[PDB]
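Taking the form deposited without the named molecule, here's one chain by itself in structure tokens.
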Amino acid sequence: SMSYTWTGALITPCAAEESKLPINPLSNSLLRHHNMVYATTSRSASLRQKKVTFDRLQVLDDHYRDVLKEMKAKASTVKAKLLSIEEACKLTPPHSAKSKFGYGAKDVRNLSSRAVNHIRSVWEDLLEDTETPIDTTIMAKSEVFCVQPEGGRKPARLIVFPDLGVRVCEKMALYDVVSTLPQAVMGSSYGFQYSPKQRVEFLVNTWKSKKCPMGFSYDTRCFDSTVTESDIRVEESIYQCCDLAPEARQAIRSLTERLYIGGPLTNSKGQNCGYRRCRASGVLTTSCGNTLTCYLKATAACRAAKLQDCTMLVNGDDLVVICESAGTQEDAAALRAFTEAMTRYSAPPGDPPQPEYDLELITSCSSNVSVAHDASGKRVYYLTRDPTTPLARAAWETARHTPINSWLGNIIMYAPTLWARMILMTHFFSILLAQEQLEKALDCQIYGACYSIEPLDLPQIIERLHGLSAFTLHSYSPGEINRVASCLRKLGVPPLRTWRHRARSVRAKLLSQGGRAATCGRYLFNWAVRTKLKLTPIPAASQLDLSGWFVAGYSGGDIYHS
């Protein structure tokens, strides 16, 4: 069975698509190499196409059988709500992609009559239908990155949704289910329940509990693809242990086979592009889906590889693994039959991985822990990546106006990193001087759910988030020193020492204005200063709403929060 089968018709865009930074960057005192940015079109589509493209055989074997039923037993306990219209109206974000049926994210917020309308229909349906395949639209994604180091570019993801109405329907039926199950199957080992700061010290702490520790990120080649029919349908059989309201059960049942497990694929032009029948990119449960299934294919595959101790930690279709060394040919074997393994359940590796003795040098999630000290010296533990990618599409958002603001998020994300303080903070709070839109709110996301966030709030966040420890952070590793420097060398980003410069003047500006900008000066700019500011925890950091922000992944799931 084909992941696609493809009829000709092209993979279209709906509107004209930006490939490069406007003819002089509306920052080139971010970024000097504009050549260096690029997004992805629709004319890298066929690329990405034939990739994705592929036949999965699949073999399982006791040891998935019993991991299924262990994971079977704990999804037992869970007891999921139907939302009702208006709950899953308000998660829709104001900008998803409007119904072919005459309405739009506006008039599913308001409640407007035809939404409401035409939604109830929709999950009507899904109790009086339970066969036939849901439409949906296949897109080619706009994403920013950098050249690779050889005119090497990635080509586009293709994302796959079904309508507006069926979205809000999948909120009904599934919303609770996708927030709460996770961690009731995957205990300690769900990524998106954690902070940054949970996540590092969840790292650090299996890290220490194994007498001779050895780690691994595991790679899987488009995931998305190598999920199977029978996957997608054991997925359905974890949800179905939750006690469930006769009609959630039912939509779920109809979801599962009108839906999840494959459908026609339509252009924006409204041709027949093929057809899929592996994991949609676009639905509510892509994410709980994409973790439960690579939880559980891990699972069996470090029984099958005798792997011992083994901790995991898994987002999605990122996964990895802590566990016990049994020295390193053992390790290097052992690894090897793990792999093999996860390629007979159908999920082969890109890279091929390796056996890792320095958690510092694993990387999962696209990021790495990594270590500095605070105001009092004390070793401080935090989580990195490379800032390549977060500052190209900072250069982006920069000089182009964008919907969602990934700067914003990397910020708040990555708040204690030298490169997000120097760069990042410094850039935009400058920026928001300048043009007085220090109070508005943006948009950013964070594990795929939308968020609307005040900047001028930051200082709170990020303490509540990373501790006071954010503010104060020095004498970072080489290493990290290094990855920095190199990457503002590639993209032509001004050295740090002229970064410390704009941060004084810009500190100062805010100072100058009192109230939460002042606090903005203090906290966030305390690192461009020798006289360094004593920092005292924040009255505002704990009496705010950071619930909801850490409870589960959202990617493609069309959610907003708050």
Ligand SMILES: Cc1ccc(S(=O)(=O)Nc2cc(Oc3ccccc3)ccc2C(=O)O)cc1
Contents of the next structure:
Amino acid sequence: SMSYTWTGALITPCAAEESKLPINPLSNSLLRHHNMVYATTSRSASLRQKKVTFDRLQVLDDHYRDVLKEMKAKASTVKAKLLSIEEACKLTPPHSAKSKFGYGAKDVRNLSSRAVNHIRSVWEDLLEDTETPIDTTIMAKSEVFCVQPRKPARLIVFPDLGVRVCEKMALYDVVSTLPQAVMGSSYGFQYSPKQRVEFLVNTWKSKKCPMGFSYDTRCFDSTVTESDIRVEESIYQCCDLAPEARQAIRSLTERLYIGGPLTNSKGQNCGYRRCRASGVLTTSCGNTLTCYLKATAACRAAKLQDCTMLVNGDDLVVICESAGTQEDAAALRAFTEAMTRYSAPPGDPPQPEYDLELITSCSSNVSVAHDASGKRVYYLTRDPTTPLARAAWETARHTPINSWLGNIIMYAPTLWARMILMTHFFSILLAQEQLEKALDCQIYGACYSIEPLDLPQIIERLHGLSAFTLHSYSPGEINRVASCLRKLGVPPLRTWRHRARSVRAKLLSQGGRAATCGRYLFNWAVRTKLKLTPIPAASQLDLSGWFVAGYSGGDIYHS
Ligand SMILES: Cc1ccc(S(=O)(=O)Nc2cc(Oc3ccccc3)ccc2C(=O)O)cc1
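Go ahead and give the structure of the form deposited with the named molecule bound, now that the form deposited without the named molecule is out.
Entire complex below, previous chain first.
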């Protein structure tokens, strides 16, 4: 059926939308071509709607059913707990959209009488009503990019805060444990960026003659069918669940996940949805399962040999045994046809890759540099354009989420993050005197509050001490960065080194943790290096919960 139906009423903004980069003094030292940086607005909502609206086509076969059964089996071992209203409330971010029933985030987190009473009635209701389509709000997402040689805004659909908390109660544990129990080493969110690289590299080497590819499904969420969503629930239903939760899952499936009415910021009727909503708890888990499910079966239909999957929401990368160039290309083409029948048509057609570094999955790619010792070391990098366009924007305006702090944690090893992000942001903090101030940032969707002064410990635990000494990056990685800095108008190496060296001295003089950030973060800047020994604090970090599951659009905060 139609992924969407439109009444005519427009997708409205809930306040003035900023589309241009504010000519600012701190933004300019970072990037000069400020006219190349823009933020999507509801003004392009009509373009997106036209792209994500279509009639889906789905034909299921034996391979599909076979993989589903296999998945159902591993799911069968799972035992979901069910969170109490309190637990689910602690998971609610402080900046989470308030409810239309008289309360907001704060209240929820504070367990106020009015917050809990309503949330309880919404749950009681989920247990009693198994049919009434739950109302959702559709808004145009505001994201930052760099004009290309512009993207329409993304459309987000989320339910009320009351409903969001009940989802946590009945499905948090499910979406946190089932993917791994079901997909194994294929579930990409269980890995830290260093662990993701390792998995890719080890998998690449386990092949006599490796052949890999990334698969980009054209607007994946709209391709998800009502059938896919019930198949997804049937996987959840294999779990040992409390009666209240099993019913809650049954009700949420029919009343929210499979579809529902759409309302704009103005309380107007926008239309209907019959595909995946981006703003619910099961979106990441559901997408990962569905992509994995169809892909695994697509591989068997196409005769691809010994496939290894790595799934992250709707992002997928496969690595298998080559059967030669012709054969690989035909096999790949047969794969896309199987996927197209399973209702997951490609956006960018897929191309076979015989070199690990040229494979972009999760917007990233594996690459290689060298540690002080001269030894090779693989790390995860990515074109810096978007992270840089966003660093500029987050430097000019106050934003709930600091993508830059995220990008620095996830890409600490990369040449661009060490030379640009760390230098630009550490110098700024010093000036405003806020090196202590904790900042929120997201990792695989989950919200986290992080103290800038802890970056060193964080980086060593996640990437190893090498992230402080990598040098001699690849000629491929160097070009990409260079040609990007030119595009955006970012100062050259010399300028950043000079800036870094000053940021460093200023830090070292302060001593304490600041002295530590200086010593390790900017050791690449000075000639007279400093033996970088293991940071004590790092052996006392619990970064476990950081890499367990995906939560994008799931309204998750990890206090
Ligand atoms: C974090 C970082 C680490 C080492 C260095 S370096 O000055 O020791 N060497 C390099 C300096 C570069 O300068 C740039 C050239 C073009 C675009 C951006 C940077 C590029 C690559 C390397 C290297 O080690 O291979 C600079 C920044």
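For the two forms, the rigid core is made up of the largest set of C-alpha atoms that agree within 1.5 Å on superposition. Residue numbers count along the first chain shown, from 1.
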query	finding
Answer among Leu511, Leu26, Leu533, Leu47 for the CA shift between the two forms that reaches 2 Å or more, rigid core superposed	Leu26
